[PDB]
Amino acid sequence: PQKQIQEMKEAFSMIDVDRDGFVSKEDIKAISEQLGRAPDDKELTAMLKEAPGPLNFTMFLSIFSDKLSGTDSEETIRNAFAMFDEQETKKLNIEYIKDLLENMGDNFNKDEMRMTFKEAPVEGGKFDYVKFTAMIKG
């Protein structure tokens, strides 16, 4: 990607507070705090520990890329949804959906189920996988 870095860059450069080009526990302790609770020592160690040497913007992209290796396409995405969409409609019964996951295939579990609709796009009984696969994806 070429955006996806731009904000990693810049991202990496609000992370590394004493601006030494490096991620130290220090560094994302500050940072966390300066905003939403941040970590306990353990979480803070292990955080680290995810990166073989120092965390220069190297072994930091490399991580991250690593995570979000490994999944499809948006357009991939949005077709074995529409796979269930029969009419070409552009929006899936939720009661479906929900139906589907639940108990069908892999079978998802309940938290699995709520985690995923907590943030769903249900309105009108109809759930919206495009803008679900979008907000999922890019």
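Residue numbers count along the first chain shown, from 1. First, how it differs from the form deposited in another entry.
- Considering the motion between the two forms, the entry in 68, 114, 95, 53 that lies on the hinge linking the two rigid parts is 68.
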Second form
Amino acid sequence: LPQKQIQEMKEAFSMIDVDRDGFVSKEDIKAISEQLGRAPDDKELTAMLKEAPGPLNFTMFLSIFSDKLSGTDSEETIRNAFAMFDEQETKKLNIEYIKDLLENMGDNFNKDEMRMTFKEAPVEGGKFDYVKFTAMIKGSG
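Having seen the form deposited in one PDB entry, please provide the structure of the form deposited in another entry.
Only a single chain is listed, so you will not see partners or other molecules.
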């Protein structure tokens, strides 16, 4: 993970750790979370701290972020995979086809993964823009 990236993770961690005790707790999350709108409740708060083997210091923080953010492909590799199902290289796939591929083939998406995947995918006139969707996936926008 790039350096400029680590620099942002720090400042972020600095802002999340309220009591400035070097470690992130259920009290800090709640506190800074409330100043921005909504306290994930103690119910969910535990689970957040349950995602780290032991104490939650900047080392762990930056670790759990790489796990859950590394092991993906370049916007060009996904772009290429979608192209393998678009022989007429029209840059789009029929909505019914791509939904079929995702739901009943390979590693079948459950009904839930389908709703979330499509609740915001680019679709007009039965056409599924895989290019604009590829961009979206690479969370840059």
